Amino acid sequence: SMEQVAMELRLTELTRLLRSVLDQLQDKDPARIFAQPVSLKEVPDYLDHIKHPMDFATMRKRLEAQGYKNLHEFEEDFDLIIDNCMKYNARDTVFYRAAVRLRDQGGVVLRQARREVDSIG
């Protein structure tokens, strides 16, 4: 149908805007602490602690399969990155501190993304 196409164009455009959001958030992680999944070879107990692991490469795979239907889904995954880190790692660690700084800096980007998603529809 023509409606299915129109819906698919909206999803494609949302994907465009989320790719740009993802790039901007990932620039706030210059140490690349959140770039890849926590290694289960190197942290073998990780899944005993963290039930839903997340990282920027995994988000990017979902993104490119147009797997985010709305900004809320995308933000859920970004929040998992931060929240998982802040639980697994102690306050006095470079990991925890990196997550705090990513959260704080990402907030700005996400605030305007929401306005853009609502504005353009």
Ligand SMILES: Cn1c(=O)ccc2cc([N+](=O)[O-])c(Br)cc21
Contents of the next structure:
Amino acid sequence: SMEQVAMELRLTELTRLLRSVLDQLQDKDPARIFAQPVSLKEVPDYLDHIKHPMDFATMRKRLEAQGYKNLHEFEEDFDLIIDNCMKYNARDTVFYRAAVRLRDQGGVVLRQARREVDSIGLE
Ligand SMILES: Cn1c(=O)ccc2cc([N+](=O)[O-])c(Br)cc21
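With the form solved without the named molecule already on screen, would you show the form deposited with the named molecule bound?
What follows is the whole complex; the chain from before opens it.
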């Protein structure tokens, strides 16, 4: 149907916007601490601590499968990256501190993304 095509066009446009957002967020992680899943080889007990691991590569895979239906779903995954890190690592670590900085600098990007998704009507 034409309605289904229209819905699919909206999803494609949301995906385009979210791709730009993801690139901007990842730029705020220059050390690439959050680029890939936490290695169970360097951190073998990780899954005993963290029940829903997340990272930028995993988000990008979901994104390109058009697996984010709205901005909220995308933000949920971004918040997992930060929140997982601030639980597993102590405040005096380069990991925790990278998550704080990513959260802070990311908030700015996400604030304007919410305005764009709303005003253009992408969900
Ligand atoms: C425990 N842990 C986190 O919580 C978040 C990121 C992270 C990255 C690496 N890394 O190598 O990039 C390692 Br070993 C551990 C990490």
